[PDB]
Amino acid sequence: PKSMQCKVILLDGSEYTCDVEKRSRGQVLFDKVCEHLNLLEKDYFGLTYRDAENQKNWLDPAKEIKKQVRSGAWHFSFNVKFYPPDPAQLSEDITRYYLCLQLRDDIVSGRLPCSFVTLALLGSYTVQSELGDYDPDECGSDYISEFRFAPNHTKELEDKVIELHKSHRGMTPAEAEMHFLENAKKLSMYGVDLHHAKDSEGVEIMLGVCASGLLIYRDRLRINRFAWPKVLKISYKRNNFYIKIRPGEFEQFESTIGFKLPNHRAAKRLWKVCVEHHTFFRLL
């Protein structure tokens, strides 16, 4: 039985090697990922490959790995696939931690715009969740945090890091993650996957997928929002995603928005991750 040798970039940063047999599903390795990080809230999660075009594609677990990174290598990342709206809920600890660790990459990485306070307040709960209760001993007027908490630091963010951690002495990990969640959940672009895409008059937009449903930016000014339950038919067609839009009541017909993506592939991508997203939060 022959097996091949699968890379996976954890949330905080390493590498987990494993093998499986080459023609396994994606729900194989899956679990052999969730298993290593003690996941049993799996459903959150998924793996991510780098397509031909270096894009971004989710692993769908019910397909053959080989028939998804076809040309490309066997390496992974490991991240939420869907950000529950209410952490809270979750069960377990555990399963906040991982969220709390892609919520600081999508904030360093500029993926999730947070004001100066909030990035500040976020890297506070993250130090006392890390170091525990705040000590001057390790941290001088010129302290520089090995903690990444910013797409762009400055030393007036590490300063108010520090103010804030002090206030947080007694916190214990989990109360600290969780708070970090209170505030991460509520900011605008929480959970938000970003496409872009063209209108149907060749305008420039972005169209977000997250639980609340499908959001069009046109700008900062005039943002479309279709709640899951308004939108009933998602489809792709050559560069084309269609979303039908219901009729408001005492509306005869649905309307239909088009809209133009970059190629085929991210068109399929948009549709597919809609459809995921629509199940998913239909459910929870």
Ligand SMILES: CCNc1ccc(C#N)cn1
Contents of the next structure:
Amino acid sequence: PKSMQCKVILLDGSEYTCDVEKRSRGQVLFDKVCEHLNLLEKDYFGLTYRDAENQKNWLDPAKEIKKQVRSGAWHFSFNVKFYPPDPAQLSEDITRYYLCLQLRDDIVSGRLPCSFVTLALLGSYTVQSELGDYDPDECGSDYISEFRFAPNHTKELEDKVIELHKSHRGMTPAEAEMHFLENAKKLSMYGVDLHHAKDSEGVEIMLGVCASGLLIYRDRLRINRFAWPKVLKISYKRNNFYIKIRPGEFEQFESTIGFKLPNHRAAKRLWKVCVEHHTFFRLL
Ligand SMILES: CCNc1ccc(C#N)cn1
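Alternate state requested, the form deposited with the ligand bound (shown: the form solved without the ligand):
Every chain and every other molecule in the complex is listed next, the one we just looked at coming first.
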């Protein structure tokens, strides 16, 4: 029974290696990674691979791994797929821990924009969780943390992390991670999966997929939002993505909105993440 080696980048940046039978479905690998992680609340997470166009794809747990990675290496990342709007409602502290690690990467990468003060506050909770109580012995006037807190580090940011860290004495790691999440969950781009597209006029927009629905970012001042309940059908055809927007009260007809994606695979990927978010956040 022939087995393929799998390499998974975990959220702490380390590498997990395991073997699965070469005809395995994605769920098989996902279950192995989740067991390694002692993760029970698995519904929020998934595995990502890079396609031949170097695009991030979700590994479909129902489909064969070989029919997804195709010509590429069996290399994956472990990621948050569905960002919970209220992390306090997760049953386990370890779930909240993996969610914090994902968000720290969302912040450092610049996917999740964040004010100076919130970067410093999130940083201070991470430091409290991981080192415990502030100690002056480790931190002089010239201290720079090993921890990555932001897309661009400044001395002023390091200083503010320490000032806030001092305020958190006696805080336990679960408590500090819960405070991290209470702040992160409020950020306007929390759990927003962005897709480059063009509107029906050819104007360049971003489509955001998240818990609260589909967001259209047009020109900073013009941001349209379609709550999942207002979306009856999600479709794609060639390079085009379509949503059916339910009739308003006393309107005779459903309204259709049309977008141009860079290519046919980008249109299918956007369709599938929308359907998955619609299902997930209809049930949650
Ligand atoms: C960890 C991020 N992984 C992702 C994100 C978006 C999509 C899509 N579409 C696939 N994988």
